[PDB]
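Consider the single chain below, provided in structure tokens and representing the form deposited without its partner chain.
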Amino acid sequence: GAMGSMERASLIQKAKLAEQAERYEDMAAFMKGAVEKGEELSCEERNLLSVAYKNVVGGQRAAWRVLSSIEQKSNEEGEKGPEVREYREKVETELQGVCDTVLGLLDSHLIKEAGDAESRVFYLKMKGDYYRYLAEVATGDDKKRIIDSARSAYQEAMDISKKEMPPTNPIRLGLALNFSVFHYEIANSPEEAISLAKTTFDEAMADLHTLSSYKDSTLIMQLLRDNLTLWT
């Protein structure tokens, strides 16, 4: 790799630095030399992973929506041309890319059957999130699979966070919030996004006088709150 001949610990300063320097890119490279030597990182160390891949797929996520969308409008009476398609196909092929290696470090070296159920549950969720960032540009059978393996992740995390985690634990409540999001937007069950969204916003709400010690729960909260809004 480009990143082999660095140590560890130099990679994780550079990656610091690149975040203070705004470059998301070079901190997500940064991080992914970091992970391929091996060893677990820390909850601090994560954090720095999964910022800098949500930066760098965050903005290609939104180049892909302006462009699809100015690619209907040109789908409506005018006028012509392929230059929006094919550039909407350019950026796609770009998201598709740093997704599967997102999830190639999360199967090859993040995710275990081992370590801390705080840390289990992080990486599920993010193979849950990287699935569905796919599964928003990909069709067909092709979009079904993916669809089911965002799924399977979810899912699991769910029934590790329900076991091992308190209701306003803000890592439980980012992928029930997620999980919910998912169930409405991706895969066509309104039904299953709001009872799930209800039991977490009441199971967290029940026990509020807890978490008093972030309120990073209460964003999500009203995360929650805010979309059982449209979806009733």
Given for the second form:
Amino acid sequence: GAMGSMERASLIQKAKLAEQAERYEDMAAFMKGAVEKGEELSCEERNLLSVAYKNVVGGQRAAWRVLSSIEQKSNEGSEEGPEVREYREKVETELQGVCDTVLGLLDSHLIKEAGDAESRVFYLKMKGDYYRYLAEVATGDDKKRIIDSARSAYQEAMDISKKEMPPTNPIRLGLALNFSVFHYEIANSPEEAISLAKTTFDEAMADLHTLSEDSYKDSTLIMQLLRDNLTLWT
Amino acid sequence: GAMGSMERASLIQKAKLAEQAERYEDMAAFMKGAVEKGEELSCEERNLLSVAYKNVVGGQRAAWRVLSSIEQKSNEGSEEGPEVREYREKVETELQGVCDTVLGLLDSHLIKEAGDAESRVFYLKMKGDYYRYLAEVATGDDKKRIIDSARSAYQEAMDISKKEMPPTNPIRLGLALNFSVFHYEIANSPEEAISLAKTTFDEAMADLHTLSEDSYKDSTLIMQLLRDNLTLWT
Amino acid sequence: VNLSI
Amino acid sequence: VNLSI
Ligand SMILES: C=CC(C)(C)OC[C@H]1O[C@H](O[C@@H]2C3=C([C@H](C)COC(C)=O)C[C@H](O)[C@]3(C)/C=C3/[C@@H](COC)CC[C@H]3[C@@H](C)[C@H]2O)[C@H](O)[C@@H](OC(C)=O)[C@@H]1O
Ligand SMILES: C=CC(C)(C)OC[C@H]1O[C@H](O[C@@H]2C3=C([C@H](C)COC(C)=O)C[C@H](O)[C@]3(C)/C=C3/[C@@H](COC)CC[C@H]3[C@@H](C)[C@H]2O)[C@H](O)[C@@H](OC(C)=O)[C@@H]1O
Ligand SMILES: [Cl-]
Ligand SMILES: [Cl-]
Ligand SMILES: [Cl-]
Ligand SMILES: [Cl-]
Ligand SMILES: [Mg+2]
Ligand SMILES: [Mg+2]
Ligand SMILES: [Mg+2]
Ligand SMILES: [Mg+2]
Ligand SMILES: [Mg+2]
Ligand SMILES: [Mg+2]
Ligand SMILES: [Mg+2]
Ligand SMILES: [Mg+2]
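I would like to compare: after the form deposited without its partner chain, may I see the structure of the form deposited with its partner chain bound?
Zooming out: every chain and molecule, the one shown earlier first.
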């Protein structure tokens, strides 16, 4: 624990500073240290955690995709060495390491100690996301098992959110958006992805009349992402 | 030398892959390993080196500026802890480390082994750039000396480029652009910055008639940067 | 590209 | 902001 000597409050403060500076690797390390203090995260602190690793792994994924595309071309009239595979493997292993770290945090001990529905679904969404990222690069005997670990995490979160949260809750909507992307491009189930995105969107639309103005900006943003995926998918 | 076991050609190949993937920290490490093979860099390989560290230090500088601004506000009606200073120092020390690494490469042994004017001015520009970046964050007894190390490097490059290169050479123009930024915001000499940018621009304009079409795109881009600085400065 | 959050 | 290359 490189962050073991720093106060929890200082770690949170420095995670927010890193966010303002778009230093997401630092931000993730500070929030990892904060989690390892053993206390549960607040609503605001959970968002710092997810944003940090989302951006770290997001850049790794985009780079992995660039390299995997170059690798695919190299294996088509293409001239031969091992360098492209080697560097793709380097980025891939670094990506898997970050996913393993996030999943370990969720397992020790954020998920088990989360009692309120909002936090439980939040962390189960994260668990599904980072197993999905592992599935994006998986090609061996583990792909099928990795895919089902994502499905199982996403599904439990779905069951909780449909029981404990209103249709317009931003965490419930974000979970549904990502579970539908899982169906579409991981689980080879585009019809399930389309059905979920549409029922999710429609039921949030019919519930907007209950919300106060300018207090569901995040829910609106996610409803637009659902509409964009549907436009692309249909 | 973590790159000591990799072939020089493989390092160059992987630096280009990293560039396509916008993995600039990797790109810089590959090119550092390539330099440490002991052979001189080609024109194309020099560009890989400068682009890599330019982007690495560029992100560090932007983050340092965000934090230093927050720090400045905190020292004005502002409430008090040490966290902002601590994290600003963390980014600063990491920035200085990268600058020290680049300067060490130039000193061992790119500058001394460079005989052709284009490479000599190229590396002396880099030396001025990375001493300038050290000057941007310097506040102690070393600031004045760091500033003069930048001036001395920039000045030797200027003397060579005016003797050995045409006015529209992209390296000569880029050196002049950065030396003028040095004058303006480091050396407290805005009039010198303005005079240099204008003589640089004017003498390239009068030399365009010698160039073939679509073969000075980089020189055009830099002439536009000179015109933009002048518009801002006057 | 598929959009996630 | 001052432009460099
Ligand atoms: C990095 C932290 C900061 C910038 C302080 O906050 C990030 C954001 O944090 C909240 O928004 C969350 C949230 C996002 C919103 C959709 C952003 O909304 C707007 C208007 O920008 C994106 C973020 O990544 C974050 C934290 C992610 C989650 C996502 C987590 O899964 C594990 C599920 C859905 C979404 C939920 C948690 C959103 O509530 C807030 O409600 C947002 O404020 C507004 C006006 O909506 C704020 O922009
Ligand atoms: C990263 C390498 C790649 C992308 C392959 O090339 C970067 C670029 O490398 C060359 O351009 C150089 C160069 C730059 C040009 C101004 C870019 O021009 C265009 C049209 O984009 C920006 C780069 O950072 C680079 C390598 C930097 C230097 C700079 C180095 O100081 C130590 C001095 C001026 C400038 C010189 C070296 C330029 O010649 C080329 O002439 C550019 O190609 C064209 C059409 O101009 C290419 O975009
Ligand atoms: Cl590699
Ligand atoms: Cl720190
Ligand atoms: Cl998220
Ligand atoms: Cl440069
Ligand atoms: Mg304590
Ligand atoms: Mg692998
Ligand atoms: Mg609890
Ligand atoms: Mg060899
Ligand atoms: Mg310092
Ligand atoms: Mg030589
Ligand atoms: Mg994304
Ligand atoms: Mg710049």
